[PDB]
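J.: Chain residues, written in single-letter form:
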Amino acid sequence: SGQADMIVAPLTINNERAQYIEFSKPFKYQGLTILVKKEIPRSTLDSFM
Amino acid sequence: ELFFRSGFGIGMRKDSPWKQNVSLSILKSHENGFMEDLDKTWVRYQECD
Amino acid sequence: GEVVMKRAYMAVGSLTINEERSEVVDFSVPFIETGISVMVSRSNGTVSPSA
Ligand SMILES: N[C@@H](CCC(=O)O)C(=O)O
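Chains as they are written, first to last, in the UniProt record's numbering: chain A, 507 to 555; chain B, 751 to 799; chain C, 499 to 549.
Among the clues, some could well be false.
[What the hints assert, rightly or not] Derived pair list, reagent style DSSO-like, types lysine-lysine, alpha-carbon separation capped at 27 Å:
#1 B:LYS790 - A:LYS534
#2 A:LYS534 - B:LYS778
#3 B:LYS778 - B:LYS790
Read the hints as simulated data drawn from the structure, not as lab findings.
For reference, chain A alone in the conformation it holds in the complex:
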C-alpha cells in the first residue's frame, strides 16, 4: 500500500507472498519448531533405602 518501501524483519519466504512482493535471497535459513517446557534434573532418589 506504499506505507513502506521495504520490509526488514523475520519475514519468511512464502508462495503467497512471493506472488505480490519479491523477496531477496534469504539472510537466515531456518525452519519451524515446537517450543515446550523443561524440567531441572533432581535425581528423584527419596533416600538411601
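Given chain A's structure and the hints, the job is docking chains B and C with the ligand onto it.
T.: Positioned in the frame of chain A, the structure of chains B and C with the ligand alone reads:
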C-alpha cells in the same frame, strides 16, 4: 525436527530497483562472514547449560 | 558456462548460489540449504575430564 524450511527475506515491491542489489549485498555478507557476526552477537549466546 | 554461453536455459543440479555466479547467471530460490562444513573422523575415548 525442522519442517517448512523457508528462510527470512527482505520483502520489496516487484517494481523496486533495489532487488538486484539487495540480494547481492546479502550474498556478499554471507560469504564475507558478516552474517556470522550478526549470528554471534545476537543469536549465539547459549546462556545456561 | 553452459547457461552463460547460451547453450542451455537452466542448469538444475547442485549449483550453490554465490555472488560472482549470480552476476553472470540468474539463480532461483534455494531448494536446500548448504554452505561450508568440515568433516572429521569420530573422536576416540572422551570421558568428560575430571568427572
Ligand atoms: N557444490 C559446489 C562445488 C563443490 C564445492 O563446494 O567445492 C558448487 O556448486 O560450486
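J.: Each hint: holds or not?
T.: These are the hints, each one checked on the structure:
1. Between B:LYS790 and A:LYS534, the direct Cα distance comes to roughly 13 Å. Compliance with the 27 Å bound is thereby established for this hinted pair.
2. At most 27 Å may separate the alpha-carbon atoms for a hinted pair to count; A:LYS534 and B:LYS778 meet this at roughly 14 Å.
3. Straight-line distance between C-alpha atoms of B:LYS778 and B:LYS790 comes to about 18 Å, which keeps the hinted pair within the 27 Å bound.
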